[PDB]
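We begin with a single chain expressed as structure tokens, specifically the form deposited without this ligand.
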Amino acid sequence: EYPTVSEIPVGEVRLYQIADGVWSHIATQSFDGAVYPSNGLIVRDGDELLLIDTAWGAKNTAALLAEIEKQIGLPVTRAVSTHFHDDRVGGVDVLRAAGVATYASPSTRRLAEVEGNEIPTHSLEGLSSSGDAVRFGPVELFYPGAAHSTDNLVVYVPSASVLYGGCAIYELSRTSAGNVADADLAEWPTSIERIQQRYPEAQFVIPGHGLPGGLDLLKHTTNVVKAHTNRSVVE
């Protein structure tokens, strides 16, 4: 029942409840002449909500806020962007105008500024070096090292065993490398292994784009990334 790319008109946002107090948000965007889906996370935070990632642009993010109020009815009070690309920070200004406190690591904030992308307000401490983890409300933020980008964070919800990999993790249907312009292809498998070693208890794994699955999304991603490094597509 997870919504697929052809099931979400561009400009609309769907929510999917993964576990008690955990939802993903799903939006779509035109990119490279195709239409791509994109996931973020919503985590219940007492009587408030913690948002992970925007919905890829101002229009989608406004629709995300409206859909959250329609379906959940609790206020989004904080948001964390997991890397500097537009599918993660595009819409930060909308969140800020809606009273959401926006956060990213210093590295993400700097890279967003260099790229010309929206810059989250707050700087997350303690995520500078590969292997660093910090608790942030009801989630753990983890910097596994460079992968899809040098700044990419992953997010674990310990109460629900939900691992949100962001764009460092590919859905199973993705057979080839996606947007790797800013990626560290050489470190990506090592970074995935750090994720596997830290969260072997994860029951649900949410990629940055596409269908959730289990922990075999990690090995699938390593396989695809390694094939790309070797100028190969297998699947």
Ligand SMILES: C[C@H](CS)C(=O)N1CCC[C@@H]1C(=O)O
Second form
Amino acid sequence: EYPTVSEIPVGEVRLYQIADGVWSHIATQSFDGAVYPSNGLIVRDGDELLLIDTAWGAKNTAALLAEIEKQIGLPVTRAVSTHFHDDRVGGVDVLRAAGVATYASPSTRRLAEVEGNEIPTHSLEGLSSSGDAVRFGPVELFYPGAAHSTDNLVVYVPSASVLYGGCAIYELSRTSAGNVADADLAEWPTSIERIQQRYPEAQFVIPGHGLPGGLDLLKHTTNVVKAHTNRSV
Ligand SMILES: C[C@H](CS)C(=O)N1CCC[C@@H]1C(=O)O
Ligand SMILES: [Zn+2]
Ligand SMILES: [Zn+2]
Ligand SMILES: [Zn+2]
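What's the form deposited with this ligand bound like, now that we've got the form deposited without this ligand?
Let's see the whole complex now, leading with the same chain.
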């Protein structure tokens, strides 16, 4: 029942209810002739919504806000981008123009600036050291260490036992490394273990791209990352 890339035309966004007060949002983008899905999260924050990640671009993110307005009907007041890439910050300007307070760690903001990407307005303190966690309303933000990127954050919704891994966690169907241009391959397995150690009770694990699963996604990602690490030249 989870929306797949073939079921979402580019420019459209689907919402998927994971648990009470927790949705993922699913959008698509074309890249090199293939179409990829991308996930973010929406978490009910009292009578407001906390958004995790843009929908990968300005058009998709406008569609995301319209879909939230139609389906949930609560204001998006804050958004957190979990790393500096365009599937996470692309659309920040759309969110900002709609009155959403946009947040990212100083690490993400610095890297987004270097990359020429959109830059969330607010800085999330307290996440600069591997293993750092901070509360952000109905979620915990966790910096597990460098993995898919040096700044990647994961997001845990304690009320729903939902772990949003972002692009540091691969879906099961991905059996070879994705975009690792900004990755810390040497640290990625250790960073994943930090996620496992902090959230062993997680019941739903949402990858940055593709189908949700359980904590099995963590060891799966480690296996794929290690296989890529050992690629023979
Ligand atoms: C824009 C995102 C950032 S994780 C990205 O690098 N991806 C995911 C796979 C396809 C696309 C790319 O390779 O550009
Ligand atoms: Zn990325
Ligand atoms: Zn990604
Ligand atoms: Zn696997």
